[PDB]
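Start from the sequences and build out the full structure, keeping to the hints where you can.
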Amino acid sequence: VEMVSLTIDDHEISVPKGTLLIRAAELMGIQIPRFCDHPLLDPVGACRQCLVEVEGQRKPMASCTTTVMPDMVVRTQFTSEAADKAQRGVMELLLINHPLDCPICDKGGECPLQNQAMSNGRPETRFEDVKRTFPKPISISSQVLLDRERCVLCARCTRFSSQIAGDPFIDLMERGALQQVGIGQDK
Amino acid sequence: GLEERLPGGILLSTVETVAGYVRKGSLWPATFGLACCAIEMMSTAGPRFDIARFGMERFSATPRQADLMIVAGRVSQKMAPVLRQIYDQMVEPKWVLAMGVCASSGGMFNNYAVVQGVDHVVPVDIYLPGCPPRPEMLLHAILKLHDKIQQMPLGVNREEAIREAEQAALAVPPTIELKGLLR
Amino acid sequence: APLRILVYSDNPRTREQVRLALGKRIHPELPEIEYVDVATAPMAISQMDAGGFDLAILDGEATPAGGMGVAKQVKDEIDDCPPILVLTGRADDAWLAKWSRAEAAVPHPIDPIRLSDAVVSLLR
Amino acid sequence: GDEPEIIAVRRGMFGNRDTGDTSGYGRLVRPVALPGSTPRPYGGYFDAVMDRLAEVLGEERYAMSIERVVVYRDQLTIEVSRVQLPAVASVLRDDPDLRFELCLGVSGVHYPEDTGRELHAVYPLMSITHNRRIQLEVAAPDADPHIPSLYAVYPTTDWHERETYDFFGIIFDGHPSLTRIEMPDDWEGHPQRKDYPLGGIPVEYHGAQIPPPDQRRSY
Amino acid sequence: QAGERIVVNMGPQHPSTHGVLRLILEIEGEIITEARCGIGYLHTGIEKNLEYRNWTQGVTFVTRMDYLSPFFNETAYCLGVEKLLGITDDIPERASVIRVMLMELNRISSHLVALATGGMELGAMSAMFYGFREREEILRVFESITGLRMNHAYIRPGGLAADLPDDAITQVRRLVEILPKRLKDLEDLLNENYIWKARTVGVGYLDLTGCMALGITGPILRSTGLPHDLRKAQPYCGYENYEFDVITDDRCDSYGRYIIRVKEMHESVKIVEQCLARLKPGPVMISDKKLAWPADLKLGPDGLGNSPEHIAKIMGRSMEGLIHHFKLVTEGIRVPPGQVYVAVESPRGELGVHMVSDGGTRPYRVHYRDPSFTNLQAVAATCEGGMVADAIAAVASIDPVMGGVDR
Amino acid sequence: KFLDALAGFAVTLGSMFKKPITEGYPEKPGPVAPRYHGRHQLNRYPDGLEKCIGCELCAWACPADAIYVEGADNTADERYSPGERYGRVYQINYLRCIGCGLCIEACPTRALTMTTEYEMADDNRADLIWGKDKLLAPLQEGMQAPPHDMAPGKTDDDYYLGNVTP
Ligand SMILES: CC(C)=CCC/C(C)=C/CC/C(C)=C/CC/C(C)=C/CC/C(C)=C\CC/C(C)=C/CC/C(C)=C/CC/C(C)=C\CC/C(C)=C/CC1=C(C)C(=O)c2ccccc2C1=O
Ligand code: SF4
Ligand code: SF4
Ligand code: SF4
Ligand code: SF4
Ligand code: FES
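Residue numbers (full-length UniProt numbering), protein chains in the order written: chain L, 13 to 199; chain Y, 2 to 184; chain P, 5 to 128; chain U, 19 to 237; chain W, 36 to 442; chain S, 3 to 168.
Check the hints yourself; a few may be wrong.
If you anchor each label on the Cβ, the simulated ranges turn out as follows [what the hints assert, rightly or not]: (1) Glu119/S / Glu136/L: 32 to 38 angstroms; (2) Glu119/S / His23/L: 24 to 30 angstroms; (3) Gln36/W / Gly32/S: 44 to 50 angstroms; (4) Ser322/W / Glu206/U: 23 to 29 angstroms; (5) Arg29/P / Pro140/S: 30 to 36 angstroms; (6) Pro140/S / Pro343/W: 15 to 21 angstroms; (7) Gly32/S / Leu183/Y: 36 to 42 angstroms; (8) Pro215/U / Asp125/S: 47 to 53 angstroms; (9) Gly158/W / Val124/P: 56 to 62 angstroms; (10) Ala78/S / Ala177/L: 34 to 40 angstroms; (11) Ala177/L / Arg29/P: 54 to 60 angstroms.
Keep in mind that the hints were calculated from the coordinates and are not lab data.
Where a beta carbon is used, it is the ideal one built from N, C-alpha and C, also for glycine.
See the structure below:
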């Protein structure tokens with residue numbers, strides 16, 4: 013059980029070799045914002061919400077994908093102004109195309125996007141342009157209704173349906189800003 | 002009382018009408034404020050309004066003289082015995098006005114400490130929303146009680162009305178079963 | 005002779021629930037049970053004034069006049085009043101059920117066997 | 019110890035009290051720590067107060083009596099040790115340099131998740147002559163909820179200590195008569211404790227009912 | 036011995052006891068020998084019920100505690116919330132000025148109710164009606180500003196539930212103009228009235244030592260001559276910038292307390308004049324959108340609602356705006372963990388609030404040290420040995436509002 | 003002069019020659035403030051569509067749990083509000099409502115407003131649980147029945163921006 017010691021923010025901890033920065037920051041009581049991360053899914057670092065400043069690293073690193081190395085130093089949005097700026101910018105970019113659907117969205121009140129836009133978001137929109145739009149909702153089965161505009165394209169659904177369950181009957185489809193979770197055609 | 006033993010003809014009808022008139026026009030409250038709503042009740046008696054206009058200036062201090070009970074406040078657990086004692090110590094006929102959400106149903110204070118409606122301890126004639134109900138609403142509720150009092154049966158008519166009301170009440174489905182568009 | 009039980013509640017379903025917990029013959033070692041159902045305080049009081057009841061079950065949650073208030077009233081107003089059982093809509097209401105002087109109190113929702121056992125204890 | 023008191027340990031993000039409505043967010047472990055002891059140079063008159071207190075008490079008595087000193091939002095809390103409360107209160111009231119004449123009451127606060135320190139009695143004291151104020155805090159366990167009553171020093175506490183008992187069960191030993199003041203003498207339980215259920219009833223609606231707030235979900 | 040003393044209940048249901056206060060009197064014929072006090076006939080579970088609601092929602096609860104001093108309870112609650120948040124230094128000036136204005140108008144209203152109820156208790160029937168004419172004058176302003184007559188939820192953490200209606204300032208100016216005259220009309224009934232003075236002079240005497248010992252505050256304490264007012268010592272909500280005199284008396288009795296209340300009404304009118312003088316346009320809510328109450332109420336042909344501009348903002352344009360509205364309304368702000376005891380000078384004394392936060396959106400603890408509860412410890416001191424009629428005057432002089440006593 | 007002690011008489015005599023100030027309710031009810039927290043009201047857009055989207059935010063904010071809201075889907079065959087949701091069931095228990103107004107501040111569509119109407123009292127515990135059909139504002143002129151499609155070409159955004167007409 014080789015334990016690697018590192019300092020997150022000012023404080024120090026020791027965690028099993030291979031533990032991700034986001035897991036360590038969880039263990040020490042620090043809420044790094046995250047959407048695409050999932051403890052039970054292989055890390056993908058897609059949404060870039062969980063950026064943190066790491067000593068010796070020019071770019072911010074996705075805490076969800078940064079394996080802990082010995083003697084590392086990390087400063088989250090609680091102590092790194094640069095990491096704070098990175099996370100807040102990712103949050104803004106995450107909300108520009110998002111529908112103004114909270115009153116009608118079932119996830120309202122339990123939405124990680126809402127909560128982390130409160131904790132790690134700008135007070136108000138800067139986006140005066142036109143939002144991306146999809147026709148919604150669309151059923152991907154008898155049970156599940158998909159609202160693509162609200163999709164932050166984190167790929168957690170797809171990553172679950174591949175890794176956890178061997179059921180890749182949805183996937184990320186199209187490309188660019190138009191990327192969308194989808195079933196094949198009608199299957 | 003003998004006034005109720007009259008034959009069910011015109012005598013009893015006219016006696017009922019006059020007695021209802023008089024009892025609605027002289028509906029003395031009991032000096033029994035409890036809470037916020039007690040302050041609004043005093044405000045209703047205050048000059049900006051005039052509860053005295055309706056023959057209700059005399060807030061009777063003794064329960065014996067009081068014909069009406071404006072609960073007007075929140076009935077804690079420790080107060081329910083006292084409130085019931087005061088009610089039982091009024092002399093009939095007596096009506097009870099559940100002034101405010103606290104008195105009528107417990108209001109916001111859905112808690113252990115509050116009885117959740119004086120209906121639990123005393124029969125309620127009229128329920129009055131508000132927190133507190135403004136004095137105009139109190140006067141409205143009192144006028145509705147006046148209407149209830151005037152149309153009041155006596156004697157054999159009283160028994161017939163009790164039977165009819167009982168039969169009607171046995172049929173109403175409970176509020177929890179009035180599922181409308183609620184899926 | 006048959007025992008007459010006055011079940012008081014303006015909720016029809018609570019009355020049906022009480023009548024279900026207590027069959028026509030609860031505890032076959034006991035007499036038959038006759039049910040007079042009342043949904044208004046004035047009628048409940050008048051039926052009590054008629055008398056001849058072995059037990060009265062008063063829904064503590066009765067809307068226009070709670071069964072606890074009716075319980076206290078009937079104990080204050082009928083000489084040789086029959087024992088009173090109360091259905092309480094809340095566990096914290098127990099104290100008021102104690103004040104109502106009802107011989108027993110059964111919390112909502114009506115537990116059939118608990119209510120039957122309480123009744124048998126009162127009618128024995 | 020100088021480690022803070024953790025009154026609760028939040029699990030997961032978004033304040034979920036249980037598993038949580040979205041998967042993968044429940045792994046955070048955030049202890050809920052009250053402020054720890056202030057380092058030393060307490061702001062304003064606080065030092066002037068505490069130093070004076072440390073002078074009137076001995077070094078040994080002061081160390082045994084005052085468990086912690088916490089300045090938060092420019093408010094001074096003296097986490098005093100149980101048993102020693104009457105002595106400290108007497109010193110505060112009587113000492114001309116402290117002279118906290120006015121004890122404003124006693125408030126119980128229940129921390130079921132604070133081991134051995136479940137019930138805290140808070141004493142707001144004010145010195146009118148010096149225009150100062152502080153808050154004593156005495157922690158007692160749940161299994162031994164006994165605290166020394168301050169009646170001989172602050173008669174005003176008699177009712178407060180009573181209400182606090184009624185609401186929390188904090189047994190102020192030495193109080194003339196700890197009878198329930200708010201709730202009936204025959205009442206079972208101490209309502210302001212967290213273990214005591216809210217005791218509400220469902221709100222009725224045509225075809226439905228809303229359970230009390232303590233049953234429905236919260237964050 | 037026993038046989039010559041009766042034991043009686045002034046009881047809950049008694050015209051002088053506000054319906055829910057029980058004075059158990061052992062009386063030797065008609066002299067009060069002992070005055071036990073029975074409380075909790077108005078206990079409501081507010082202190083616990085609060086814990087299952089968010090901040091900015093518990094306000095609706097606290098204003099119900101001491102229902103005669105709603106703005107004082109709300110200000111104490113919201114000041115506690117702000118102190119916990121550390122936002123006390125960021126609140127807009129206009130919100131603070133409105134808070135002072137409303138607390139002082141509420142002081143006038145609460146003292147008017149106290150005087151009315153006392154006068155009617157002591158037979159001064161017209162006292163009730165004149166005091167309530169004056170009080171209705173203020174309650175119209177309260178209704179206009181907040182839309183409620185009592186139990187307002189107008190004062191909110193970090194500011195106010197909304198800004199004054201355009202006509203409000205003129206209504207309050209009219210109050211400042213007329214309250215002197217109507218108060219004088221009330222005073223003509225009582226101030227120098229021989230029967231009134233005879234009924235309260237020397238009655239309910241309580242020494243300054245007694246006040247300290249029982250923790251008494253408010254008019255009762257200041258009738259001992261001590262000029263102790265939390266508004267001057269330990270200023271809060273910007274009272275430091277208002278010129279007003281701490282009203283005090285030397286009689287130490289019921290009449291001294293009555294005169295203190297009558298003069299405190301005038302001092303409140305003076306502070307209200309100052310408030311109107313220093314009321315400059317501006318925001319009433321902290322500019323930090325992460326905590327600010329998001330709703331913007333505005334009237335229309337279809338009644339009071341969210342202003343259509345706000346609806347457009349959060350439903351057509353501003354996604355972050357929508358999220359903030361949704362979360363601050365539903366979950367509400369979450370306060371940093373910690374404790375704070377904050378006191379205000381309620382009309383009846385030092386109304387204290389112990390507030391404890393566990394980092395959540397609901398308060399962990401909100402305990403009100405209501406001044407009335409502690410003042411009722413003085414029933415024994417001010418009633419024992421005197422006449423029962425004098426005990427009534429003493430209890431009235433304490434001005435106990437039982438909602439705050441029992442909470 | 004001992005006259006000051008008699009000032010009260012001067013008061014009462016004087017008042018019995020000034021006109022009484024009582025409001026003449028109910029024949030002449032008094033003017034309640036424009037901002038008064040009267041009975042909640044459910045409003046409509048000028049074309050008649052119900053403003054409420056059934057988000058339950060109003061009920062969320064109610065400290066008294068005095069609002070019960072069930073949302074349901076708008077569809078072409080039956081549409082009650084612009085957008086995907088609408089409040090199919092909307093009850094207010096006025097024996098729990100404390101008139102605080104938090105519901106109003108909570109509502110994001112201004113579907114919920116507070117009128118100045120205040121007269122309310124009934125003999126039944128259940129008569130004061132006011133349903134959607136009691137609360138919906140009267141169908142003003144130019145409005146059509148609530149179950150109909152959006153105004154031609156208009157879309158929910160057009161409704162929230164106020165860009166709609168009969
Ligand atoms: C053809 C022709 C011309 C025929 C004429 C026939 C005719 C009309 C007859 C006249 C002679 C009569 C009346 C004979 C009939 C026999 C008779 C005298 C019966 C008496 C029956 C009886 C004892 C009682 C029934 C009612 C009655 C009519 C009694 C006498 C009249 C009165 C006024 C008696 C009692 C009422 C009374 C004085 C007091 C009620 C109690 C109170 C408290 C009064 C109201 C009141 C008071 C006084 C306050 O102090 C107060 C202070 C502040 C706020 C409010 C109040 C308040 O409400
Ligand atoms: S639908 Fe899939 S990709 Fe889109 S937000 Fe949900 S989990 Fe992420
Ligand atoms: S219903 Fe509201 S106004 Fe009336 S007593 Fe209760 S809390 Fe006060
Ligand atoms: S009234 Fe407003 S807050 Fe309530 S459900 Fe309708 S739109 Fe939502
Ligand atoms: S006025 Fe207040 S209590 Fe009544 S429904 Fe609206 S939010 Fe709920
Ligand atoms: S949570 Fe790490 S990039 Fe998305």
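Hints versus structure:
With their beta carbons about 36 angstroms apart, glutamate 119/S and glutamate 136/L fall inside the hinted range of 32 to 38 angstroms. The hint said 24 to 30 angstroms for the Cβ distance between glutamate 119/S and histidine 23/L, and at roughly 59 angstroms that hint is violated. Between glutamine 36/W and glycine 32/S the C-beta distance comes to about 60 angstroms, which lies outside the given range of 44 to 50 angstroms. Between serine 322/W and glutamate 206/U the CB atoms are about 50 angstroms apart, so this pair departs from the stated range of 23 to 29 angstroms.
Restraint check, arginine 29/P to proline 140/S: a C-beta distance of roughly 58 angstroms breaks the suggested window 30 to 36 angstroms. Separation of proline 140/S from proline 343/W is about 20 angstroms and conforms to the stated range, judged on CB atoms against 15 to 21 angstroms. Between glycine 32/S and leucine 183/Y the Cβ separation comes to about 39 angstroms, which falls inside the hinted range of 36 to 42 angstroms. For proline 215/U and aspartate 125/S, the Cβ-Cβ distance of about 33 angstroms falls outside the hinted range of 47 to 53 angstroms, so the restraint is violated.
For the hinted restraint 56 to 62 angstroms between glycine 158/W and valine 124/P, the CB-CB distance of approximately 60 angstroms keeps it satisfied. One distance hint, 34 to 40 angstroms for the beta-carbon pair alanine 78/S and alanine 177/L, holds here, with the actual separation near 35 angstroms. Between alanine 177/L and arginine 29/P the Cβ separation comes to about 58 angstroms, which falls inside the hinted range of 54 to 60 angstroms.
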